[PDB]
Amino acid sequence: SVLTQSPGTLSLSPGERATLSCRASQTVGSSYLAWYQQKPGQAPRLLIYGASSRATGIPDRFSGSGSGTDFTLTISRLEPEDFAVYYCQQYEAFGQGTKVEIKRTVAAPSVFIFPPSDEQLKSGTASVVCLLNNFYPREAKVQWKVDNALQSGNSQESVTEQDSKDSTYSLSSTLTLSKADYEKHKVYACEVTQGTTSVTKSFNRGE
Amino acid sequence: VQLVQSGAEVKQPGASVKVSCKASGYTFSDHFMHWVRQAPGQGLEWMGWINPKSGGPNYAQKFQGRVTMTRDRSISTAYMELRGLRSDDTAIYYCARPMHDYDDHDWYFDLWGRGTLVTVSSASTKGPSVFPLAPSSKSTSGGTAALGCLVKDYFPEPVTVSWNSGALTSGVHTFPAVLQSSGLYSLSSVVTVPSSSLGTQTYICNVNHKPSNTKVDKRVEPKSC
Numbered sequence: 001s002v003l004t005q006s007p008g009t010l011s012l013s014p015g016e017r018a019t020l021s022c023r024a025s026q027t028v029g030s031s032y033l034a035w036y037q038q039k040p041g042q043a044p045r046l047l048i049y050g051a052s053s054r055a056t057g058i059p060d061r062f063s064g065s066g067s068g069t070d071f072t073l074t075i076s077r078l079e080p081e082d083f084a085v086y087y088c089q090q091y092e093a094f095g096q097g098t099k100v101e102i103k104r105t106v107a108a109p110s111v112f113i114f115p116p117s118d119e120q121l122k123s124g125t126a127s128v129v130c131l132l133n134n135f136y137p138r139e140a141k142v143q144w145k146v147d148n149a150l151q152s153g154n155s156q157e158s159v160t161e162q163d164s165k166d167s168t169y170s171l172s173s174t175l176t177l178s179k180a181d182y183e184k185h186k187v188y189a190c191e192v193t194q195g196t197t198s199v200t201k202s203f204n205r206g207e
Numbered sequence: 208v209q210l211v212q213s214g215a216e217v218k219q220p221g222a223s224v225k226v227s228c229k230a231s232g233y234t235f236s237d238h239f240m241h242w243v244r245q246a247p248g249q250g251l252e253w254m255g256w257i258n259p260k261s262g263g264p265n266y267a268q269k270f271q272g273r274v275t276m277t278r279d280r281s282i283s284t285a286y287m288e289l290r291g292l293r294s295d296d297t298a299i300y301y302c303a304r305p306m307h308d309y310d311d312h313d314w315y316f317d318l319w320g321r322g323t324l325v326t327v328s329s330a331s332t333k334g335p336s337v338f339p340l341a342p343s344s345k346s347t348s349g350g351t352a353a354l355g356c357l358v359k360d361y362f363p364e365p366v367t368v369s370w371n372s373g374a375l376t377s378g379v380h381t382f383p384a385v386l387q388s389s390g391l392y393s394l395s396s397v398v399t400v401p402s403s404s405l406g407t408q409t410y411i412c413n414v415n416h417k418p419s420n421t422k423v424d425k426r427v428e429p430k431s432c
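The listed protein sequences correspond, in order, to chains D and F. Per the numbering used here, residue 1 is the first one in the first sequence, and the count goes up by one each step. Per the numbering used here, residue 208 is the first one in the second sequence, and the count goes up by one each step.
Treat the hints with care, as some may be off.
[To be verified] As a list, the in silico DSSO-like pairs of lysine-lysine whose alpha-carbon atoms are at most 27 Å apart: (1) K345/F <-> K430/F; (2) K225/F <-> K122/D; (3) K179/D <-> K333/F; (4) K333/F <-> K145/D.
[To be verified] Among the chain F residues that face chain D by a calculated CB cut under 7 Å, a handful are: (5) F270; (6) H312; (7) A353; (8) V385.
[Stated by the list, open to error] Listed next, with one range per pair, are the computed distances between beta-carbon atoms: (9) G272/F <-> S52/D: 33 to 43 Å; (10) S431/F <-> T4/D: 54 to 64 Å; (11) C432/F <-> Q156/D: 22 to 32 Å; (12) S404/F <-> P80/D: 49 to 59 Å; (13) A215/F <-> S164/D: 41 to 51 Å; (14) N265/F <-> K122/D: 56 to 66 Å; (15) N415/F <-> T4/D: 39 to 49 Å; (16) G263/F <-> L150/D: 26 to 36 Å.
By construction, these hints were calculated from the structure, which means they are not laboratory data. Beta carbons: idealized from backbone N, C-alpha and C, even for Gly.
Turn these sequences into a full structure, and let the hints steer you where they fit.
Quick look at the structure:
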């Protein structure tokens with residue numbers, strides 16, 4: 001069977017009902033499904049075995065149900081420790097997973113840009129850092145433009161986890177180039193796009 | 208009731224790695240031993256199981272011909288050997304024990320090991336190169352200044368970054384490392400501080416790379432532009 005889970009990003013406020021989905025289409029009806037919770041740096045912990053049976057030590061708020069191909073894991077009230085990734089398993093098949101996320105008001109990123117340091121230029125490598133600080137939701141499109149030309153394949157990005165205080169995300173976007181390529185252009189910018197808004201922070205290489 | 212595994216290992220591409228999983232607190236031969244790996248950021252991937260009694264395993268078709276699962280009933284330790292390691296074989300390898308089931312469906316993994324980190328890379332250990340993210344007019348927006356450090360070209364994981372020897376913790380974001388095309392990890396740590404304190408307070412990032420026994424302290428001096 002093939003297991004599919006949705007939504008993979010279920011953003012809900014603490015204290016409200018959370019409903020998850022698992023579709024075992026490539027199976028008969030084998031009500032031999034299971035549910036797991038995994039936290040970063042930890043192994044998965046069994047929550048539901050069978051269609052609806054709770055595993056030992058699992059609080060009452062966790063429960064499961066199913067009908068043929070569609071199965072649901074429901075948490076009646078979201079505790080602070082319930083915001084994690086969840087997987088469903090049938091025999092040896094695993095779903096792609098569902099991440100439960102704290103829901104908060106929309107926050108615009110604080111866009112900062114850092115030119116390559118003079119020390120790094122001496123080694124023949126240039127790195128330009130685009131910083132997105134304390135925004136929400138996690139979705140955001142960062143595009144590098146060098147002399148008003150969109151770049152492709154020469155940048156990488158990483159995202160921090162939800163901050164423990166304000167439940168926001170921070171995204172880094174590093175543009176990696178050579179010294180020769182960095183010296184042949186003046187204007188460098190990253191365009192952050194989020195919800196009909198496109199903030200573009202730029203600089204000139206000299207100056 | 209516990210499942211201890213072997214320590215993390217690093218192997219070159221094309222080599223082989225063997226991971227142990229010793230069982231405690233239960234009868235080893237009464238339950239099968241399954242192996243499930245998880246790539247960084249991906250989901251769970253079932254590999255195979257092995258019968259402790261007879262020793263006859265069953266592998267997934269993806270790993271067939273590359274995985275050998277054995278066991279030692281004397282010490283209650285199960286083994287998993289993967290050969291022909293590829294760059295995409297970097298994953299955390301767990302061992303899971305299915306529980307006794309009323310319907311004899313021995314696939315409900317209630318006991319898990321802490322996992323074994325297996326990293327496959329053609330790179331050699333290198334010290335991190337730390338560069339300053341100097342605050343300037345391009346990072347000062349209405350009384351708030353942004354500065355940081357770029358930890359680039361280091362191998363292997365992990366590194367630990369602090370600020371002001373741990374005295375500065377508010378508004379500090381250390382990003383997860385990204386694997387560059389050169390095979391070297393590269394991350395960056397940032398912090399937002401009042402722009403009034405740029406000319407008075409000193410800010411130093413503390414990058415520690417225990418695998419290379421290198422500890423770099425970098426002072427971020429503000430720019431004037």
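Hint check:
{"no.": "1", "hint": "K345/F <-> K430/F", "result": "10 Å, holds"}
{"no.": "2", "hint": "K225/F <-> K122/D", "result": "43 Å, violated"}
{"no.": "3", "hint": "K179/D <-> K333/F", "result": "22 Å, holds"}
{"no.": "4", "hint": "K333/F <-> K145/D", "result": "32 Å, violated"}
{"no.": "5", "hint": "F270", "result": "12 Å, violated"}
{"no.": "6", "hint": "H312", "result": "5 Å, holds"}
{"no.": "7", "hint": "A353", "result": "4 Å, holds"}
{"no.": "8", "hint": "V385", "result": "5 Å, holds"}
{"no.": "9", "hint": "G272/F <-> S52/D: 33 to 43 Å", "result": "39 Å, holds"}
{"no.": "10", "hint": "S431/F <-> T4/D: 54 to 64 Å", "result": "55 Å, holds"}
{"no.": "11", "hint": "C432/F <-> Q156/D: 22 to 32 Å", "result": "26 Å, holds"}
{"no.": "12", "hint": "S404/F <-> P80/D: 49 to 59 Å", "result": "34 Å, violated"}
{"no.": "13", "hint": "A215/F <-> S164/D: 41 to 51 Å", "result": "27 Å, violated"}
{"no.": "14", "hint": "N265/F <-> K122/D: 56 to 66 Å", "result": "57 Å, holds"}
{"no.": "15", "hint": "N415/F <-> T4/D: 39 to 49 Å", "result": "42 Å, holds"}
{"no.": "16", "hint": "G263/F <-> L150/D: 26 to 36 Å", "result": "56 Å, violated"}
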